[PDB]
Amino acid sequence: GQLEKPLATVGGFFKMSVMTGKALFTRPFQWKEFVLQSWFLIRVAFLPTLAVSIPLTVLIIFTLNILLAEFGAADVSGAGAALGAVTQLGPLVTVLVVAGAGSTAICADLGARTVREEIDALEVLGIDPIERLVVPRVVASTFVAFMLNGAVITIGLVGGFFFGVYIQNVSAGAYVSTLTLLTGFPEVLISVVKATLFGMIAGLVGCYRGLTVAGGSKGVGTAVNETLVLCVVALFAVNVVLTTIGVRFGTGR
Amino acid sequence: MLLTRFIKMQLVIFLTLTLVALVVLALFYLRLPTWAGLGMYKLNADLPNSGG
Amino acid sequence: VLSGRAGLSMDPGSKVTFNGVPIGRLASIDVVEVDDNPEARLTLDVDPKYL
Amino acid sequence: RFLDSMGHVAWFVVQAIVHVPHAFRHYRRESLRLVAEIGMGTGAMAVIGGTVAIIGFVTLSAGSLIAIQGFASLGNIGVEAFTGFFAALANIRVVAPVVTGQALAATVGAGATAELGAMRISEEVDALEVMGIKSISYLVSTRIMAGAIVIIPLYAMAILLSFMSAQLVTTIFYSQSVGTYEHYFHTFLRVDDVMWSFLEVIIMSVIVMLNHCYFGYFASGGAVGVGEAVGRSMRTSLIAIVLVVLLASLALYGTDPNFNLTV
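Chains as they are written, first to last, in the UniProt record's numbering: chain A, 14 to 266; chain B, 1 to 52; chain C, 53 to 103; chain D, 27 to 289.
These are computed hints drawn from the structure, not numbers from a lab.
Idealized CB from N, CA, C, for every residue including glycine.
Here are some of the chain B residues that sit facing chain C, going by a computed Cβ distance under 8 Å:
{"no.": "1", "residue": "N49"}
{"no.": "2", "residue": "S50"}
{"no.": "3", "residue": "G51"}
{"no.": "4", "residue": "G52"}
With the rest of the complex left out, here is chain A:
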């Protein structure tokens, strides 16, 4: 009985996601809502994404450079600079600035629609919310996560190059020539898969929590907080699983 309580919400989320997939592959797509939600997520989670990605990659590059300079092998730093940035820094900054901003925004928007009885207004008009609202939001979440992951990886690599060369006086040719030493097609492919899955899961969780808001006076805030916590936990677990799968393939081996 103790496990049966969260299992009901788990089943509701899973059934809602199954219906979302069915509406995506069966019913006509909502291009207008998809465009609107894509631009909304981009405008709500682009500047924070850079503002979190730039200092974090600078910190990682600084730590790697000092540790390797003491180690003596300061010419292979770019290798690590690539290896983290493609496979962990990109998807994890995507996790943070998607779950914090876009997932919470989707949950708040759908909760606002629910408490204002707009969902019931759609439902009494014969329309299905899962096809008109959830599908464009999940697709927009996936698209924005993909693009943001690409931008994060690129900006992180460039910032690491500039910091290491112009501050810690490492050699630029060693940075650019060692980037591909440990990173190849498997790493960028697993990064793309991570970003796509993270965006899809964040969109699904945000939509499901927004549709099932409790109203009241703290229901929307509680729903947003629960959305954020669930997204962080689920995306970290999925990142662990996908990291294991990706290192099973490997560029070095």
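Following the hints, complete the assembly by docking chains B, C and D onto the known chain A.
Frame of chain A, contents of chains B, C and D only:
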């Protein structure tokens, strides 16, 4: 005022977790007695060169 | 410190040692023309405790 | 506008800081209740463990990631006995402070923003002001004191679980000997780094609590605006945490890296 004995229960379990975590981290992971010098005596040496 | 050649794997941030213990670090390396011959000049930043 | 907003947040943080002794003397039971609520969560998230469980799961995941990728790369190169040396410097310098900060931000900060927004909407702040009570001193200063009291155990648990996860992944799943891992871990880990990391986490937690209390205290727009306040507070908290960790690491190890391997 207050003292609902459920907040008290949360407080005492949190304090137990705090003490356990602090002691385990200080002893088995950080080795604070070794860093401070508990149970150790000082010894010196003179070398012709450091040798790194 | 002047020398015939700087030496490979000698870059700014290299440790300067006395009797094997670090006392400072290398600041910069340059090429100086002495009697129509290039030589290496190294600038060292040393803690004045050991001077 | 921009200067006006900066001045408003500066006034809020100054007023919250200067009322810490007043809150400490006048309100002790409230501080203890907030300590319990922050440590063990509230609402539906409290039944799973609250902030402790979320922090533990996220830090275990981060340590597992470090061990996994680290061991894979070093085994590909060949020098795989350095994993214990690589994991520790990964956890202390970059991974554990930032990750614990983001998890603390999410759980505690979003909960505080939601609570203060609900109080603002439900006219409870007006009720406190009518009854002759400093609302900032009663709410925000108490939150700050509770966060300062609770952060050290939380980050101690986070560090402990990150180290445990890295060691377990390396020495059980990858079957590395425990002796080599423990040697390279305890030989190349300095307690000074851990102390400075604790200071970073304390400062970061104070800043995060101030930011989230600001976003929740001045909420508007009914129940709908509370969620938007939570989202904005989360974005600001992420940026502030990363910036604090970067600045502290740049200041500490700019000249002395505090790590020796070669001669």
